[PDB]
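One chain follows as structure tokens, the form solved without this ligand.
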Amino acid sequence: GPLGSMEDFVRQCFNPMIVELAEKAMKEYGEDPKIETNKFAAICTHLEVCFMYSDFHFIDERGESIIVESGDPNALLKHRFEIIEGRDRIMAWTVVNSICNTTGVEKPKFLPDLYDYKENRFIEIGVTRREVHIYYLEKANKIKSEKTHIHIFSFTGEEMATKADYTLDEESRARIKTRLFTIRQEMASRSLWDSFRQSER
């Protein structure tokens, strides 16, 4: 089939908000999205998974975690997750500080992705084109804050999470895995997948 461009794939297949956030992140880190294109797509994918992980999850009036998939959460519901990823450096650390000196949870050494108000912990999300165990170990060896919970998704449906604690219900994680499948399938249709997979390194 014809080889498409990754740029076209990213612009067509991700919400413009996600794409803009990804471009902003690459700029902050001195990366060119028109050159490291596989990285660009990976950044978009990771941001989308961070958002999907938080979507629909609230803390109810009694303090219990609940799922609301309708458009209107009742006014008293509180979002279960704080999203750190997607924020510029100053704001991300600002949020992390606000959570920490507040909830009493200690301050991480690297910016995590999410904070979970039900489980009272930061979360590092990962999305890998490689084996989940290898990637889990890479993440873990990097941070070892060891209050930070790690949850890795792959494009083939495998997951690995700290202490075999997966945080979310099966259906929430199935939504993420379905999206990852869809991304893989669409990139493959455009003859972009093999190279994207091999680029992770």
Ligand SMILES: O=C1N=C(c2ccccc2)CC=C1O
Given for the second form:
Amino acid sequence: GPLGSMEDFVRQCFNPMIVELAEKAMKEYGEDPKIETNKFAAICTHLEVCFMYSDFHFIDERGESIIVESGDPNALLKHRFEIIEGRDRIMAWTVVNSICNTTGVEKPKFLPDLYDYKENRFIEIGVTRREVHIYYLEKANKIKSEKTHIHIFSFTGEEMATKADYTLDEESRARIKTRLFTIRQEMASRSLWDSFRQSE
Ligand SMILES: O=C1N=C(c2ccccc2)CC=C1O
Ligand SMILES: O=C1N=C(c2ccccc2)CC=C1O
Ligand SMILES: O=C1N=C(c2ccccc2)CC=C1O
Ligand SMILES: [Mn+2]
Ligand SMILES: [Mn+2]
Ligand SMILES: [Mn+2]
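We have the form solved without this ligand; now please give the form deposited with this ligand bound.
Shown next: the complete complex, the earlier chain at its head.
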């Protein structure tokens, strides 16, 4: 079929909030979304996975973690996850320092992606077009925080997480994997996938 543009794909398949946050992030690190378009799609994808990872997860009135998929969560509920990725560096570290001073959890060297109030730990989210073990080792070598939990997703449904601790229920992670599958399929229908996979 005809080759589409990755730009068109990203604008059409991702929520504008996500697209906007991704553009601001790329701009901040001096990369242009209109040139680094595969990177642009990868950044939107990673952001979306971070949001989906926290979606619907709350801490209840008793302090137990629960899932609430209705539009209206009970007002006494607390979000289970703090989202760190997608915030400018100043606000991101402000949130990190807050969490650290509040919970007692040690401060990370690099900005992680999430904080889990149930498991009491920061999380680094990875999304890869390559083999998950390879990508896992690269991120572990980068951060080496060793308190920061790592959770890798691939576009073909594989996962790898620190100590074989996957944090979320199968259903939550299946939502994420299904989304990645749809992204891959749609890219392929626009003949964007081969270039996107190999560009990582
Ligand atoms: O949102 C981010 N984007 C990054 C980026 C952007 C363009 C090229 C390489 C890394 C790095 C770290 C982030 O938190
Ligand atoms: O995720 C980031 N978002 C940034 C951002 C977000 C909104 C407005 C300006 C910069 C800056 C750096 C990041 O790593
Ligand atoms: O895991 C991350 N990967 C990023 C990324 C992904 C693809 C291309 C450029 C940056 C940005 C921020 C992260 O936490
Ligand atoms: Mn960022
Ligand atoms: Mn991040
Ligand atoms: Mn990440």
